[PDB]
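J.: Given next are the chains, with one letter for each unit.
2 protein chains.
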Amino acid sequence: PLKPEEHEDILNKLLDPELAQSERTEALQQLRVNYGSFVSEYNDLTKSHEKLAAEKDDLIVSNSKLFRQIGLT
Amino acid sequence: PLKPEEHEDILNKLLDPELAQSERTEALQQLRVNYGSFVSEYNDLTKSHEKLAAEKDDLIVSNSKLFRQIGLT
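Just so you know, the protein sequences line up as chains A and B, in that order. With PDB author numbering applied, the first sequence covers 2 to 74. With PDB author numbering applied, the second sequence covers 2 to 74.
Any given hint could turn out to be false.
If we take Cβ atoms under 7 Å as the criterion, some of the chain A residues that face chain B in the derived model are [to be verified]:
| # | residue |
| --- | --- |
| 1 | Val-34 |
| 2 | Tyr-36 |
| 3 | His-50 |
| 4 | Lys-57 |
| 5 | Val-62 |
Coverage of chain A stretches by chain B, computed from C-beta distances (three or more under 8 Å per stretch; other residues unrestricted) [stated by the list, open to error]:
| # | segment |
| --- | --- |
| 6 | 6–12 |
| 7 | 20–32 |
| 8 | 37–43 |
Rather than coming from a laboratory, the hints here were simulated on the basis of the structure. Every residue gets a Cβ at the ideal spot worked out from N, C-alpha and C, and that includes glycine.
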């Protein structure tokens, strides 16, 4: 969910070798939290889509058989 | 695109305050490389799951019409 820009700033902040240890730990924690959530959501759309796909496949085959008959007649 | 496990490794590597200044920028790049991808696949997936969703409902509709039609013959 973090806009590539927003995420970019963080990548920035972490560039500083002299960044406090408290603030750089905080930054890496946000990357973690955000990445975990992202993966989660992506993982849903991916299982939800895989299913939605299966249904489509059934229907394509089903209809291809029916359509072969609108031709018989 | 980057296994949670794989991303977890990077975030730990970057926690070390001593890490080689050249080296943290290197790894700090992957988080931008990978994050670029992710934001993409997720957008295409959403762009695709929308479309599939529609096609699915239409296949249902065209399945109903095909069937019913063959029955008139």
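J.: Each hint needs a verdict: does it hold in this structure or not?
T.: Here is how each hint holds up against the structure:
1. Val-34: 11 Å, violated
2. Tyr-36: 5 Å, holds
3. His-50: Since chain B brings a Cβ to about 5 Å from A:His-50, closer than 7 Å, the hint holds.
4. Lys-57: 5 Å, holds
5. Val-62: Given a least distance of 10 Å, the restraint on A:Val-62 is violated.
6. 6–12: Check passed, 3 qualifying residues.
7. 20–32: holds (count 5)
8. 37–43: With 5 residues closer than 8 Å to chain B, the segment 37–43 of chain A meets the three-residue bar; holds.
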